[PDB]
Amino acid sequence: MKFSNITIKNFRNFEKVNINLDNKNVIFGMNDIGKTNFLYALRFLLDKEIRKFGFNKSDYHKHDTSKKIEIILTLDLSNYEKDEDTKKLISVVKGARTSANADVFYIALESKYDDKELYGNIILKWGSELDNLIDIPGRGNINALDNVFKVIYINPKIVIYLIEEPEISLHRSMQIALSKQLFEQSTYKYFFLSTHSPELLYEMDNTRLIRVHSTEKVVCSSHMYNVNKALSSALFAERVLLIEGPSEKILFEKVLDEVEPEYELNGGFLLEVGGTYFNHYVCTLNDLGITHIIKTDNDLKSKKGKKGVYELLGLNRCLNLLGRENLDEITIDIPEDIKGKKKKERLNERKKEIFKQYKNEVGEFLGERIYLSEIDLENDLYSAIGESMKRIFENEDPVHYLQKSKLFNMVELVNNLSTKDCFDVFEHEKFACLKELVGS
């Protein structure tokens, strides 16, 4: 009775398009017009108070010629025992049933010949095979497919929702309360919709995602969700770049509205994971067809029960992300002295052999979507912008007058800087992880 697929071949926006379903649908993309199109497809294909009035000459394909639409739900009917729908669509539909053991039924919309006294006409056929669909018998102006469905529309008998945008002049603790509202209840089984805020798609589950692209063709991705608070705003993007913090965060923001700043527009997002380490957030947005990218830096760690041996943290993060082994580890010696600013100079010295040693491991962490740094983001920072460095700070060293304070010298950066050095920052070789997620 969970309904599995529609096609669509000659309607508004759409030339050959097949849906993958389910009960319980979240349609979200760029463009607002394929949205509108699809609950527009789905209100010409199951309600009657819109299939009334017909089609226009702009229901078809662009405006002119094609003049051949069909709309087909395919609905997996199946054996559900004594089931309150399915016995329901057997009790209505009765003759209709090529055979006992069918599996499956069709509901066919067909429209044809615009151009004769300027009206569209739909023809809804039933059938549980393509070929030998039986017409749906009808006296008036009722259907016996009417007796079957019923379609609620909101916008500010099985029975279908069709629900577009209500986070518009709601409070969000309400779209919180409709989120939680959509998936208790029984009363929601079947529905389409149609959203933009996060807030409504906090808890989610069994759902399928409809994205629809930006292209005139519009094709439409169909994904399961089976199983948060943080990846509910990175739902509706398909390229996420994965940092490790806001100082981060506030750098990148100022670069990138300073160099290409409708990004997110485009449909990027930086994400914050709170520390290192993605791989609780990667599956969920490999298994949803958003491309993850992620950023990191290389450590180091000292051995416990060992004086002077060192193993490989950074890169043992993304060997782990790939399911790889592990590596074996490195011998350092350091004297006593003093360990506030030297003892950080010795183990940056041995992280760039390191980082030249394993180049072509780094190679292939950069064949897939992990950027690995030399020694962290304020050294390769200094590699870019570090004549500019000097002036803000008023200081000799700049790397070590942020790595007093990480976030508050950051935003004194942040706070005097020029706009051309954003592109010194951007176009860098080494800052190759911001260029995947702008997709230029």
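Definition used throughout: the rigid core is the maximal C-alpha set that superposes within 1.5 Å between two forms. Residue numbers count along the first chain shown, from 1. Compared with the form deposited in another entry:
- When both forms sit on the same rigid core, the CA shifts between the two forms reach 2 angstroms or more only at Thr284 out of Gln181, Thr284, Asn143, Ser221.
- Taking the rigid core as fixed, one finds a CA shift for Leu407 of 2 Å or more between the two forms.
- Superposition of the core reveals a Cα shift of 2 Å or more for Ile354 between the two forms.
- After superposition on the rigid core, the Cα of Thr195 moves by less than 2 Å between the two forms.
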The other form holds:
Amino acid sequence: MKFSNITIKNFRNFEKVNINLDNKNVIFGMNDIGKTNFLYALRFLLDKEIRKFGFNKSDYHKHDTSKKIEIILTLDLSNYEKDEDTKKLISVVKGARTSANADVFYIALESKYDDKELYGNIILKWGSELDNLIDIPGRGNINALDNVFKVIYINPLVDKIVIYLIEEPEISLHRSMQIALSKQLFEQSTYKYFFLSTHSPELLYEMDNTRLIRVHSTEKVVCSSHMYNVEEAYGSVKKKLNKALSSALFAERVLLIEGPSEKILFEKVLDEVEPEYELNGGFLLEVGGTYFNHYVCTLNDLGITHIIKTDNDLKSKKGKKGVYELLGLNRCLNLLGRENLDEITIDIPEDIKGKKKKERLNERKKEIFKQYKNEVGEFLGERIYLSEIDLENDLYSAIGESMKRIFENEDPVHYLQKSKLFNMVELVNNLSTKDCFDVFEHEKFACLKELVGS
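Can you return the structure of this protein in the form deposited in another entry rather than the form deposited in one PDB entry?
Just this one chain is shown here; partners and other molecules are left out.
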């Protein structure tokens, strides 16, 4: 009914590897040698045209031909009654099922080297316990395992359960057709069990209810796995979420921002300081009007460094007047595992408006920041950075001398707020190298120093 785990011992570059699985699996990384071995590992266990030729000297670990090779596959058998496929793996097998309440099933493969003839044999056994495993009946060249499974292999560079193995279906396909392939794989019910390997981010636009395996750049002994499943909510904005995350899954360091105003400034600063930041990992990700939980959990389970920078903000509850909600603190606290805060009510006379209103709100926000220093201390530990009022004010504290030479006028922080995009473009046009060097080193913009590396 469902795959559960796979254990590989002493096979090529695998020393002792334990990987969790599910019905739909997607593997990626920067190894390109372990990815092509993870599929031969599965083919030597469930395929016939490749098991006839036994192991050779190279197929072991680093040419130490005195150790065993074990491969074990674990399957969960719970729907004893309503499952259509559980009957087939309970009718062909009739003696390894000691009890009618086993709920687990195993398949194993062992190999021991024969020095005299330069040949390594393959022996297959299954059972329902780790201690009592019995051999597969079968006469001639056909085992009893081949009567249950059928394996199909797809590679463009050249009444049974069907298992698909696709390798790199993007060699000579246009960008449009990759989306069609993704839709077919992840939506229609033609495919149920498969494993997939890819280097392009256009195959993962409709990913849902699957498992993701990431391979680190180091020795193959490390592989990480996570279960991806979107919620019932966040269902009206699924396309944007997947389009944002599909490219960040291929990185090593990712920074989360709010809007396109910060993208221009950060791109200019990085270009002036060091231009080769996207070659050595690195990425900039836009979140928008959504909480950070979905990105953070997915990135943390796969060992991806994550950096978050945000600003304090206030919203007015609909209907009621004079009552405000703390959104910036709530979004940062919801990630550490805590509860929302009570609303704060503030009073402003009707006559006061404009900059007088803005300064009152800024003073209130500064007081709120003053009250919760201990929380900010714990926020900064887990790569969460919070500003006092906004980004523009922190910018004014680093390049303020050069701010009053382009806009002239007065109070340039107020001048930017009128139009965020055009005036930021004007500001970035008229900036020297010294200004970017000064921005890159100030404390309030420390987050960038963690994107480039230690």
